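Every protein chain of the complex appears in place save one, which is left out.
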Amino acid sequence: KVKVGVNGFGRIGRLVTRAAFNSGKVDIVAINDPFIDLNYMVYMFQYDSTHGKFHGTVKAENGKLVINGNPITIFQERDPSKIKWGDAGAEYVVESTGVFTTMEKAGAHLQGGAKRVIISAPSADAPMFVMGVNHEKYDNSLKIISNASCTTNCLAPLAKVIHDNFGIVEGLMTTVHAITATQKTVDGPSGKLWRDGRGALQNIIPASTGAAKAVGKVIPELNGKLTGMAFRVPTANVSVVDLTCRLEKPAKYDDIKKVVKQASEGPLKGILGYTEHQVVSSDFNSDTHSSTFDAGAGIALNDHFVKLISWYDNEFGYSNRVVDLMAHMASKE
Amino acid sequence: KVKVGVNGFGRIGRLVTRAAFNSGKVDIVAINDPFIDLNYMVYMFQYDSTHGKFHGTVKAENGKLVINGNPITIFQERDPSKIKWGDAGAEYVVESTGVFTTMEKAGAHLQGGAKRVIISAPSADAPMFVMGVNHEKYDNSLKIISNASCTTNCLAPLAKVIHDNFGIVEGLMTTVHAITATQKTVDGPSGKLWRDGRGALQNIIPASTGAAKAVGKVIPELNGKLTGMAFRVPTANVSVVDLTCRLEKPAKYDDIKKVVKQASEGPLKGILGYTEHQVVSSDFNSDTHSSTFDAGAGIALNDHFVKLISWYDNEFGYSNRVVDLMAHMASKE
Amino acid sequence: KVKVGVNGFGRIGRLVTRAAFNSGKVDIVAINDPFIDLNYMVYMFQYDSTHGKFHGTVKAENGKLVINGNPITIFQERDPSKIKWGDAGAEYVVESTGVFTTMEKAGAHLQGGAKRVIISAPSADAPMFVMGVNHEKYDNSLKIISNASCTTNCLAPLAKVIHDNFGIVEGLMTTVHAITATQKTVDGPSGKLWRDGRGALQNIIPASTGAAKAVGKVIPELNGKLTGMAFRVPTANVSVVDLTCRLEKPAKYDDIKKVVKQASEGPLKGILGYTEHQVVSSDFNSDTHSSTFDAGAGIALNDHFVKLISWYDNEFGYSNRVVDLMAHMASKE
Partner (left out) sequence: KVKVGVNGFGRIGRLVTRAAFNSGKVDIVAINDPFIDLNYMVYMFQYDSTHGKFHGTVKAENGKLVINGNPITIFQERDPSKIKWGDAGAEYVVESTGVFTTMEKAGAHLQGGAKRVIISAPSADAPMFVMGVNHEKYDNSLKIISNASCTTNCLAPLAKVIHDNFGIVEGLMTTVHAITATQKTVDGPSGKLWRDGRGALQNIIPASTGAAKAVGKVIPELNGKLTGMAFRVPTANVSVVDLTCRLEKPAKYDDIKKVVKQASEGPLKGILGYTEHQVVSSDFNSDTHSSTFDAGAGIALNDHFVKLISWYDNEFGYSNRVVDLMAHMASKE
């Protein structure tokens, strides 16, 4: 097995660890949170409104978070150089805080002693390896990897299947995103985007997403052909991606439906999923599937011009994929 | 002035009348609601959660709804043939219930004595005259007219400006619609669409919209080049339309921004509006503008391939446009 | 085991059956829904936004809803006299539609052939037997029983413990109820209460609840000392009951906390539950506990004057209690 440390007990950090203990694929040896105390950690992990209550035992004995009978060392260090990652015997360390995206900031964890650092947020400098798309391009030499973003994680598997099968000359993506921690409850002062400062509960917030531009990085051919936008709506856990694209080769919508289905049942299993049911966002809650294609929703004007709909549990699916990344990395080692 | 009767005191009916007394353009002589009593009518009209409280006096004296000093005759007849529209001295009658879209059903109001019937819901057989697009094609001979739909009312003015200026080879529309009366509070049995039966508060409901196909009717050239889909999200009053289209002639996004601005300040005034501010859905609440273009949100991949964002207050903007339709019809007479 | 038929596939009906197959205590032989088709039934049962997705297999073979390998006969009869309850071999039949509360209406199911009828809605004429309070007063002679209401089911166990231990001279209850099917998404015409017609998402609806007056029926001593009111807020699944009462004998809040805890761990187990954690409504979602006391929230002005807070999953907890009722009734037989 691979021992994994987590930096930050945020939404991503909490769910990365929940997925790890559930899946079982990686054993979480250590968690570092500058501000969250051990007693608070038990509370946060035990109860999640979006994802139900953690099943298993979370307890706080002798400074150790004992989840499912496994004690986790807890660190309270603001700067990653200070964190004793090597002493915690953590092979891989997942940067989740998100304030350390740049590879230099990531390498502070490396001096701690972590053999490799994984970034749960898109990083420009770091190479990005979305699972099921470009994961097999990973090599042992790389020590800092990014898992891109939840939106990109959803988009790319669908893009990989459609682009290979029919070709995509050009594409535009609209994402109906779910509320994030960034969005304030009522109108509030967000200096960067005045758009997000506005309250989440009563508004519909149009924001800019680089996820399509990140898919262009992970899938080389597609680069420069995908850009997008996002709407933040008052939904707690699940979001939907919509790719309006002009194919290179003609395609009937039932052909599009078939190729996705074939991919879902074959190599993109778990990474991609195909549902014909009359599904809604709630049905996709607590999903493992990074991307789930909906067949009914998408409407195609022409064989060439098609709209594709794919629902992703942003918080859960991404976190499960991070765990999968690390398991794959360990196998490559 | 023109005396206008309203059929149905539903969301559309209530706001059509609020707009009428506010704008002042049409005087509402009569309202018919099979199920809503006069005392209830005062309550419903006086307080609207989405649109604030009606300003003015709504009272119930001698069987008359006296709004702003004007008494409105009230009818309780389920079938429109039974309604005494002629006795109420109503020139124009606005079908709002929506169960009488077909022109035959509409003509029952005509026997009542209404010179013309207007349908606030899209009707296949009836000719559809969206204001500011094909309104000038109205002739005195026609007695049954439809104002199409809120979604189509938003789409078409934007489509009229872009298509004329740059051309549109093909287009696909995604609408983040606001909650409707159709959507149940919690999971409920909707036989037609299993999708809508699902609860509005916690879900994101992907539905099918014929509004793009209706724009193709109102603007002839565009017919067969626009189709779409809609997502129902938990937002009370305002929705956003997104047109991803491939232009025929190249266009820089700043050129697109200019032509819309020119149109907004010139002939499509009120019908269309251009805002560069960092707006959100709430800002567009209680708007008169059937369509309001947002410049910041839309992102263009290529000069040819562009995404256009336009926000519409579905309940208010449409209702104001219905009033405008009738005023235009009266002038033509 | 006891074979149980369900009338109505509404929120209560769906969850009564989910609880039955999960708990395992009663085997659901038959379901009758005048309007819901078998194919729709599979959909509704499989996906619930409030309660996650049903775990197990729900399928539709040969006119039978096969849930977890057990086929359920399906009936489409509007009037209960017409339903073949005896042919379905159903011993107990749960009226859930709620339009048949009166015992005469209930007895139509009895002619169908159901030995006993259970009403999931409070019924005046029928005797009401809340589980864990007056359940042991059930006798074989009675054929029509009511399980009261979710609100009463929460209130009474707490009332039973406090009243016995310290006495309650007088009490007033405020319930922050969760959204119901009755509440319209946007302002709508509800003739009975103008209050509920108003939209659920944006409003806070003060309604009147007879649950406190029903507790007075189930616990005789308390009768005439409890009345209440309810606020409908935009929360999907869980509600909280608040009993402000003046004790007869002095009580320190830590004494109140102890007696409830003792009751929860002893005879009122499952029926009542005590939590000291910093819980919120989401934590109580998908709960079996009809009433869960929160120790932290309640504040006592004097030893005599105390405020007690208890959270109940209205949809799930009640449904589980209905199953428990029937199991108890079968044992008594």
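Order of writing sets the chain letters: A, B and C. Residues in each chain are counted from 1.
Basically, a contact is a pair of C-beta atoms (placed from the backbone, for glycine too) under 8 Å apart; a residue touches a chain by one contact, two chains touch by 3 or more.
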**OP:** Based on the whole complex, identify which of A:107, A:113, A:127 or A:199 touches the chain you can't see.
**Re:** A:199
Original post:
Looking at the whole complex, which of B:285, B:288 or B:292 touches the chain that is not displayed?
Top reply: B:285
Subject >> Touching the absent chain when the full complex is considered, from C:66, C:142, C:172 or C:330 >> reply: C:172
**OP:** May I ask which residue of A:64, A:82 or A:184 touches the chain that does not appear here?
**Re:** A:184
Subject >> Touching the absent chain when the full complex is considered, from C:19, C:29, C:240 or C:256 >> reply: C:240
**OP:** Just the residue numbers, please: which parts of chain C touch the chain that's not shown?
**Re:** 170-172, 174, 176, 193-195, 198-199, 202-206, 208, 225-229, 231, 233-236, 238-240, 242, 244, 246, 278, 280-282, 294, 296-299, 301-302, 305, 307, 309
Subject >> Residue numbers in chain B that touch the chain omitted from display >> reply: 43, 47, 49, 52-53, 277-280, 282-283, 285-286
Subject >> Contacts of chain A with the absent chain, listed as residue ranges >> reply: 9, 11, 35-37, 40, 43-44, 47-50, 179-181, 183-189, 191, 194, 197-203, 234, 236
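In the analysis below, only the chains that are shown with their structure count from here on.
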Original post:
Hey, how far is the Cα centre of chain A from the one of chain C, in Å?
Top reply: 39
Original post:
How many angstrom between the C-alpha centroids of chain C and chain B?
Top reply: 42
Subject >> Contacts with 2+ other chains: residues of chain C >> reply: 43, 47, 49
